[PDB]
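A.B. asks: Using the sequences and the accompanying hints, generate a full structural model.
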Amino acid sequence: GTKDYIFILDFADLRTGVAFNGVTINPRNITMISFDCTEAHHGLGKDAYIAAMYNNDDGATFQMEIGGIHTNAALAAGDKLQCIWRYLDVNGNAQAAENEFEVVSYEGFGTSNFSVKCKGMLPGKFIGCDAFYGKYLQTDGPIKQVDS
Amino acid sequence: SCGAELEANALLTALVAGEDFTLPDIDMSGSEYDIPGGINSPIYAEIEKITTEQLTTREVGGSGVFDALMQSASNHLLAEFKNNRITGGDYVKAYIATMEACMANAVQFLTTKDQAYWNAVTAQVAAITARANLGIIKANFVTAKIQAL
Amino acid sequence: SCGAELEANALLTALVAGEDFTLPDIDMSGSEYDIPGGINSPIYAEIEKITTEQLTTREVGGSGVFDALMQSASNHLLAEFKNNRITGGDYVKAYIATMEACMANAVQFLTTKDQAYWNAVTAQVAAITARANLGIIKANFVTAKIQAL
Amino acid sequence: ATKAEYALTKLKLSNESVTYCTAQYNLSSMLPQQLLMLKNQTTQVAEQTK
Amino acid sequence: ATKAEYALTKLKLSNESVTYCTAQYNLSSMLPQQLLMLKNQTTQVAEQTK
Amino acid sequence: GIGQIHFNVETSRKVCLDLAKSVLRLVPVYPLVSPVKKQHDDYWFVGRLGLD
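Residue numbers (the deposited numbering), protein chains in the order written: chain I, 199 to 346; chain U, 2 to 150; chain K, 2 to 150; chain T, 151 to 200; chain P, 151 to 200; chain R, 54 to 105.
If you are wondering where the hints come from, they were derived from the structure by calculation, not from laboratory data.
There are no misleading hints in this set.
Straight-line alpha carbon distances no greater than 25 Å define the calculated DSS-like cross-link-like pairs of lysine-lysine that follow:
hint : chain 1 : residue 1 : chain 2 : residue 2
1    : K       : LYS94     : U       : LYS94
2    : R       : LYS91     : I       : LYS244
3    : I       : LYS323    : R       : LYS67
4    : P       : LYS153    : K       : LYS139
5    : P       : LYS162    : T       : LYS160
6    : P       : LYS189    : T       : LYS200
7    : K       : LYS146    : U       : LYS139
8    : U       : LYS94     : U       : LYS83
9    : I       : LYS317    : I       : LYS278
10   : T       : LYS189    : P       : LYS189
11   : K       : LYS146    : P       : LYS162
12   : R       : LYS91     : I       : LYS342
13   : I       : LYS244    : R       : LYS90
14   : K       : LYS139    : U       : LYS139
15   : R       : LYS90     : I       : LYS342
16   : K       : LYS83     : U       : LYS83
17   : T       : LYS162    : K       : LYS146
18   : P       : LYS200    : T       : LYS200
19   : K       : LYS146    : T       : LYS153
20   : I       : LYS315    : R       : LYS90
21   : K       : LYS146    : U       : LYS146
22   : U       : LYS50     : K       : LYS50
23   : U       : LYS146    : P       : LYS162
24   : I       : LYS244    : I       : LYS278
25   : P       : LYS153    : T       : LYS160
26   : U       : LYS146    : P       : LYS153
27   : I       : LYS333    : R       : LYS91
28   : R       : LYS91     : I       : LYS315
Coverage of chain T stretches by chain P, computed from C-beta distances (three or more under 8 Å per stretch; other residues unrestricted):
hint : stretch
29   : 153-161
30   : 164-177
31   : 189-197
The beta-carbon is built from N, C-alpha and C at its ideal position, and this holds for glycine as well.
C.D. replies: Listed below in structure tokens is the structure:
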């Protein structure tokens, strides 16, 4: 709800994470500092959302939907997706977690709704998702030309 | 009911009037009372056993304390040698001369460095616990005054 | 039943009103309060006794502290020797000269390295227990204030 | 066990309130009637003397 | 538990006040009537001797 | 305290089924249509200069 905001880069307390829960960079040895600039439509960017997530009977994989996606998008095996999701613990208490998942396969090109098979196990029953990151994919896709 | 609670409140308000007892207002969840890093701090990393291969790897290349101590001295001497200030013989003689002090210092650096670090995390933990103990002391002051009365 | 429990609840709600007592909300199963490794950590590995075969194996090859300390020096001298800087005599003389400091340092490295590691596990455990003790201190703050009242 | 002693103290509060209410009723409504009875008894003693 | 004992002590204050009030009433308004009854009983004893 | 004012879980599922059936009754078929109607293998990624 505002348009007057600042971006502050403090070289003390550099915590690497989506939710600032991770290793801290050592400020005493840095080679370059490059800002990551992308567009809104970069790789199913703006309007994606997780919807459902659940385990599979297989040893390895688990299933994940991806929600609203612009038509000109595709996923190849090996792409990585990050999200902040909430689950129900075994004891019955809600928790929050962040993770990075690989992909093995998917279905539904061009229909704007994907169902992706991903590697790994899930710690509990799904509740909701608060943030989703679907950037840096392998396969190319055309978009309407924009100058900014 | 007859409002025994109202009588108790009024009596307590009237009996202890004339003095001020204000409790401390420290909030102990403000991230100033937590150890800096989470699970990803170097405190929670696994400690590896010290072996001979961490002292010297029997190669001129490196990856050891003695090897690095020799290579740095060789680099400095070669830096002076590339300028037409010495010849090969002087460089070789100085290298051979330092070859033993390098070993003597390398044997000590490992043992001292494995302790110089672990003597500091304990100081961190002590200071962070001492903040909370100071808060408890501030809380005990008021109980001391009430004991006087 | 006459609701004795309801009367007690109302009486606490009325009598202690006007003050804030909020207990801490630490979750003490979050893996920040556990020793890093499981059974696979080197803490649970068997300790081997110190024997003379660990110092020197009476062979030029290796598998000992003294043998490795001699081989590294020999490798450095031979690396300088293959470059046209010294001859066989200089190499042999330097080798024989170092052959005593090698023994002197090898006798010490074993005994010091057996402690350099075990002085760090105790520090890790002390820090991890200090976190929980800090939690208990945060819990004791509120008891201190209520004792004052 | 320390958890259970807390509930015991709360129930003790609940009984204390009723003790207060009973004492207040006794003070307010029972004693003056006993005083009236004693006042009635003294005059009967005088009449017995007569 | 230390939180609950505080409320217990406050309710004890509440009962102590009523104990004081009852003692004061008994002193001020009840004992002199008993004294008057004794003064009435002694004369009846004298009449019985007569 | 107050009692019997909110649905159970099973009744909530039944009401949701009823709502889904009603909405499907209004809209039997999927209305939306997509410009891309084939799989990725059929299309050929080409680059052009500005249109015309």
